[PDB]
Amino acid sequence: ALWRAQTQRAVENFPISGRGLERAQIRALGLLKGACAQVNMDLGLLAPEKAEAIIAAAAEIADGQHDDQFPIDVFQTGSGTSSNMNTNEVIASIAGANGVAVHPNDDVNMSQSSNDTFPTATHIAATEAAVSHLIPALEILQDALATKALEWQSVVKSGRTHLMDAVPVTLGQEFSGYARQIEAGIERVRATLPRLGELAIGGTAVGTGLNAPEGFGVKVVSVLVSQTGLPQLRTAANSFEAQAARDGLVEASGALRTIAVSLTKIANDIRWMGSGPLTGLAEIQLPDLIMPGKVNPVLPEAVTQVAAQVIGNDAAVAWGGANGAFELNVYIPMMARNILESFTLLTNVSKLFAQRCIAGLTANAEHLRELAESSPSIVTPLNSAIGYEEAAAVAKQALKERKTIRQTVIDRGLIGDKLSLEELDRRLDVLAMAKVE
Amino acid sequence: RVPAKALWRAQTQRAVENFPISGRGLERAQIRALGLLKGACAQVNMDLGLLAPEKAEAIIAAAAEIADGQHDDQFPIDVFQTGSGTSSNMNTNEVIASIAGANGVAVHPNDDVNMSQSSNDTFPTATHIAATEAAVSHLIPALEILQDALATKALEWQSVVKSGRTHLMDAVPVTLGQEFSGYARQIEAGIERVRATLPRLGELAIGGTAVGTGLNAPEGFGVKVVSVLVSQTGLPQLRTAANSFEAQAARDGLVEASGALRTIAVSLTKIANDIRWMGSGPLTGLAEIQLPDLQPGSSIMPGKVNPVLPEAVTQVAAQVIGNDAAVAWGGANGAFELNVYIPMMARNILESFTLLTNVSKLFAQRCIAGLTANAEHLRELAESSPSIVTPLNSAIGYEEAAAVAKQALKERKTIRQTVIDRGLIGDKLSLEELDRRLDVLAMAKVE
Amino acid sequence: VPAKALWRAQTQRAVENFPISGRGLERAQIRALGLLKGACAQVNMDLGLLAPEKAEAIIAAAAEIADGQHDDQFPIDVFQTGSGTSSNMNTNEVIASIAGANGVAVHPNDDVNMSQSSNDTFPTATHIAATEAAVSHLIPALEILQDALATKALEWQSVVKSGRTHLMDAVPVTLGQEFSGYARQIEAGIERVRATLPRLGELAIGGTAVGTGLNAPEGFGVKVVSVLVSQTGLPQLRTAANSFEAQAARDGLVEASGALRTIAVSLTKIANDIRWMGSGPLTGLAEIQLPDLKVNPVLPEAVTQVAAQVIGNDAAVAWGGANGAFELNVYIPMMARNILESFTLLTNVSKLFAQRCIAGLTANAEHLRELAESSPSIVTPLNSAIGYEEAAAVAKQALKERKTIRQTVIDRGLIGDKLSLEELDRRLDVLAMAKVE
Amino acid sequence: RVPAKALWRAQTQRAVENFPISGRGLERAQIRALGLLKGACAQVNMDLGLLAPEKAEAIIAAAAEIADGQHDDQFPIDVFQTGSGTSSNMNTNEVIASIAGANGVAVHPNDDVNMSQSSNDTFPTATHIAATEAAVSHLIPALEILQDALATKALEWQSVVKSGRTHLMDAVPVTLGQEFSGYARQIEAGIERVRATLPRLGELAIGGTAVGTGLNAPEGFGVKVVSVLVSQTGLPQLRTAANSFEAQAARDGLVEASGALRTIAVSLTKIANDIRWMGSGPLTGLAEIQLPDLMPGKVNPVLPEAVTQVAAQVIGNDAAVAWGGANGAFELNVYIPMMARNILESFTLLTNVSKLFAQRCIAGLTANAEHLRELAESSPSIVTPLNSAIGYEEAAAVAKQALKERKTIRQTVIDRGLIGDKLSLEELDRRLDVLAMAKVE
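From first to last, the protein sequence lines are chains C, B, D and A.
Heads up: the first sequence runs through residues 31 to 319, 325 to 472, numbered per the entry's author numbering.
First residue of the second sequence? That's 26 in the entry's author numbering, and the numbers climb one at a time after it.
Heads up: the third sequence runs through residues 27 to 319, 329 to 472, numbered per the entry's author numbering.
Heads up: the fourth sequence runs through residues 26 to 319, 326 to 472, numbered per the entry's author numbering.
Excised from the complex, chain C in its bound form:
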């Protein structure tokens, strides 16, 4: 039981959601307090006994030893002051228990304000989320899809446009498109990093840096980069923008929202291809997670639900981001919750979708080819041999009798001087029609 009077009052003030800061947020706050103590010691402003104790307490917090010591609601003062002081109070208690007296404000918060610390910890968490969690999970997903694209490179089937019969494509081509959407997702997350990684630390109460030592922010960021291995962390381009607004969070959520849109398409196609068997498309078999197989598309359902959550969370992030006033945007804890949750859900579901659905998909190449070979969409190359009228009669009879176009052309007595069997086979070569590269 390590927090003190201030945190206790915040517990009483905000019984709203019953949920507090997440592991990554507590980690970031610990990392930040350690870096600030280090710099304050480097500069000779904080006595080494005090600093080394703070640095040790902060390392415990960062390592996840005191997650039970952060009871404050997400829905707290919009600067995150409550959680800032929560971290200061906890560090002080730990230091004192190791027989070193430090003041939560004067020592643990030395050279800092809430207004620059809580957004810094938020951006450390979000940058770490993008770089060390989500991008690698997206690469796992891109690789699974790309591997399918290769495996199925020659697996010809019918295209569908407007949900209607269309000319041939391969499953490999379609899956290459999904792989590109996830590759583009990775490009989209990376494109946000130059601004997501900007940190407010050193701007103090209003962005001017008053009561912080010269270059405090530069030095803290330097320590943070070396401790996290994230070179994307950087001092803000403009100290006022970095505290008056959280636009980088709005930007990064936009990339996550685009990824949610891509995943909705990929997952929807996958459950449709797996549908039926009798009542559906029965094109592929999904891994099952006395009687015939009927696998529910549970992972596609989890993906599409996660995407809806990201859409909603993204709307909440933008709403908070728009509503800053003057020197401070006071929607930080709510914005932090939503973007970090979006990173988490997308990271975790992308890996599961790749590994326990995509990877083990199967298809019947022989059957899918025989079906593409049955489509009215492929009769066009016959027009110059048999005329538009016979071609339409062929298409009708093929559908009615449930035969291939080839077989119907044979059945209707069209093989002869104007159309040989080998010419028929050439003009109706559905794999060639897919134009595989």
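Simulated from the structure, these hints should not be mistaken for lab results.
Treat each hint with caution, since some may be false.
What the hints assert, rightly or not - Taking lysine-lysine and the DSS-like style, the derived pairs with C-alpha atoms no more than 25 Å apart in a straight line are:
1) C:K438 to D:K435
2) D:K438 to C:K329
3) C:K431 to D:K329
4) B:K329 to A:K435
5) A:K453 to A:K438
6) C:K329 to C:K386
Model the placement of chains B, D and A on the given structure of chain C, informed by the hints.
This is chains B, D and A only, laid out in the frame that chain C set:
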């Protein structure tokens, strides 16, 4: 392999391994609703001679423990699970079977605990029970607390005249009471909006079984179960669905109810924003009212209170708006006989109910109730506005009235003092007539 | 100022100040402004505040506007001052010009705007227009759609097919049952719109600048509303419950937009099912045929795109709604644009969808029944005669040979002492399994 | 039955009758992109020897009239049409065929004007052309104008000290210049955000034909058409798609670009809200700055209201784009006309309002500098540097007395008799130097 204290079994444990996505499971209220439903189903199956009394009574007793919140640690499955909520349905069946078994009665999770049921009709039923209970027993009473606090303050401030603001610019007089009666109306209308959703929010799918047809459930199963649920919850809002296909193919009642919560979020944002603006400064702001200090510390400095409750309220509203977008997205995307976005939709709507309930009460009791106004002063300020010179026109002419306005601003004085200063009291008008014409409380036209 | 222009100086300035979208008010918004100005002139006359000669010229000019004779006289951008003052003045100026050309001098502010402020006039016209749109346009179009769906539900009451849950094969239903579900969604949409009318019909008129009624006669609003009800035949129009709430907020528009948003969600499901039912034919479900306008499902596409627009419009309305300050919400023209567009799009596409898609659908009943009679989903009723192990084997062989369950039971030599042909047909009666009520 | 002056034909008239939904057709920029595309296709088909030069040149000339805005009245089909935009594609082919015929050359709308193209790779190409042009040639230049206006104020007001505000409550000093530098950065970052979407916004589907495979287009048709488009538009951002299937099965590039516009809306909401608050009152508000005007003065903040309403529209439009984007199926996303409407409108609104806001509001702002500095010098926030001279007790007593009497800290220190051997006037003025507290870099 299952933990030793665990009352769940193999199907639940598989779902734990399949969906490690958010790390969050069903809320207390959803678990309670699953318990209530399973008890009521066992009661009806027993009533109808379909389930032997020894089995049914053990299931009913076990389901009551769940409903009473004794087993909230027995529901480990992620929110982001199969979209019908089958995993959570099975979780409930397994936990009930374990409880029954530990009491010496063997029951089958599917054949007995799920008798006459599907997951497709059970999970959306439990969802609508929880949402209806949230609206009726939690949110409406919290909104009533907030409405009453706003209305009490409006009466207290009935004669506290100040300048209106339109476009953020100086306007004619209003009272703080009048503005607060407007806030109270927004909350009163919020309650009306939630009540208007109840006829459809309260519809339950139970009895529709796998596809809405009621196949493999006894005739009138749904009607009988709903009757038991109404008796046990005291919620007469719970009813059988008007159409059994609509009630499974869609979750449109959740979308509708979320829309009401979204409107309330919009109202709360306006109310909270005004109150923190009125509290702003003191020196750089409007300094119209003082908010209760929720963070006092030892100090010999002038007071400066942060508007932490309006910040909590406005952040809650943002969350409700996001949650509402999430609900609508899941709601649109059903296919054929089943909408498979249920656990995600349930999570978002029930959270919006919880956040609004909790923050409305806090806002009412720890912010609204103790607001104070700077009143003799708000009045001096309204008495200084160029907005109030119009009623002088018919005594002194609009050109002199305009000069009065300009001089008042320049010398930072009341309109009244400026009229006196310019020597107009005499033949043009008496002091009593001036005071009648410039009575700013009267200009507010309090009803 | 253009020669044929009936607007004057203030309007031409607004034209120059807001070249933003290049779109002005819609016909319905212009009409409502005309109705309002007519009603105000009538009341001011009744009260002896406005000379009859002036009032009658204003009344006649306002009626021309209400009748759509001057839809070209309102050039101001939607994106104008957020009270809609510019459009208010635009109306006053146009009326003055019409009166003038009929030989009667009236002052746009002192006469046409007598007893009024822009702050109570523009939202009043907005709510008149939205109430009119709901009652006289949308609900009648939804009724046409509900009737078309219900008609199909009846026509197809015995058209048995397999259900689909998770997109996977399920026990029998009828096309008629599914359409009854669609009809209920639309019936419920009508209830939803009706439920918003008590607050959508609330009008701010009489509240003047800040909601107090300063500079309007006692009971001005009630008297104006009385005239409006009498002219429009809309009993839903009413004075606001609270005059401050009615000007400080536009919550009734947020509420009404929420009902439109729910209808958009319902229409998305209905249109999606219909285009899937009509898909293929070869590569899809081939359940029904859509009227031609292999037909692409162009009306389901128009419906789903309209619903997307309504979702977006609704987000804009809520954003405006939350952001009022003190005595006035200044997002009215934008909010009005979006809600009124959503009414119009839903009205027009609902009628088209009903009359040019739903009404002419045809069902492929034999293909539907054949599939249902071939489903492993229907073997359960055989258990009590042949055992679940044999029932499983029937299901497997039926799938392998593409035969009905019935024929498979015969083919496996099960008819005789185990069960008779009559008993087999009773147990496998798929229409009976749908349990039509 | 078709109107007399109409250059469209039967397929377009059927579309007019089929989709009477919104009553609104394509915008000028969309019609222009369709003409540009058709001209480029005819050029390439002629280059490849597939289209006779007389036909191709007639098509090229017609398409140029369309690209030049000469026939924006010939496109009557509703936005809410078939979701591939096939109807508008056919509308373009028919209008071109009519123009060619009026100029004495017979061409077939399908066989000639649509040669090598399909009903599914044309409309998304024209959409991405229009969106790329809008981003590069219209929006970014307008944001640069706004950035410059804000940056100019940041410099002009670099010494205009005032009190900071956090949580809406009094805070330590800043300058108006510093606050405006924050706004300028938001707009500069908004330009960075738009630029960041260009590698994917500029990808074009042309050449993929019906399903993305390029069936029935000549080898390299896409590459060749893109080269002509680049030369004609001067937009090197136009490029062939990385993956031809992704470019038709999805419109993810539009969702991405809409996200950047949404962020700009979020930034503009903050800047406009601050500006109208600064201009508020005069008596009831903050009265920090005076806005240009578009009895005593009381200017309504009309441009901040226009900006915040535009921002709301962009937010709604952005939701519509994402909803359409998510809902493709298999080889084609069929929400193209609706997505195009919304993203292109968001570009147009932000372009026009940004320029107006910059030139007709920001440029002419004036600051109440005396009142601002005097207020900063009156703040309890600035007494901390007195602690070491007069002690905590008197520093606090000074803050209280200053507020009560509506005086500066400086005058209150004098009034309390605190000037002596522990504190000179020169030292008092150093310690209470509010501009120095703003630490202007």
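Here's how the hints hold up against the structure:
1. Our distance criterion of 25 Å between C-alpha atoms is met by C:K438 and D:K435, whose separation comes to about 18 Å.
2. In summary, the hint linking D:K438 to C:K329 is supported, as the alpha carbons are separated by about 18 Å, within the 25 Å threshold.
3. Restraint check for C:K431 and D:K329: satisfied, since their Cα atoms lie roughly 11 Å apart, inside the 25 Å limit.
4. At most 25 Å may separate the alpha-carbon atoms for a hinted pair to count; B:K329 and A:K435 meet this at roughly 14 Å.
5. The straight-line distance between the Cα atoms of A:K453 and A:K438 is roughly 22 Å, inside the 25 Å bound, and the hint therefore holds.
6. The hinted pair formed by C:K329 and C:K386 meets the criterion: a straight-line CA distance of about 24 Å does not exceed 25 Å.
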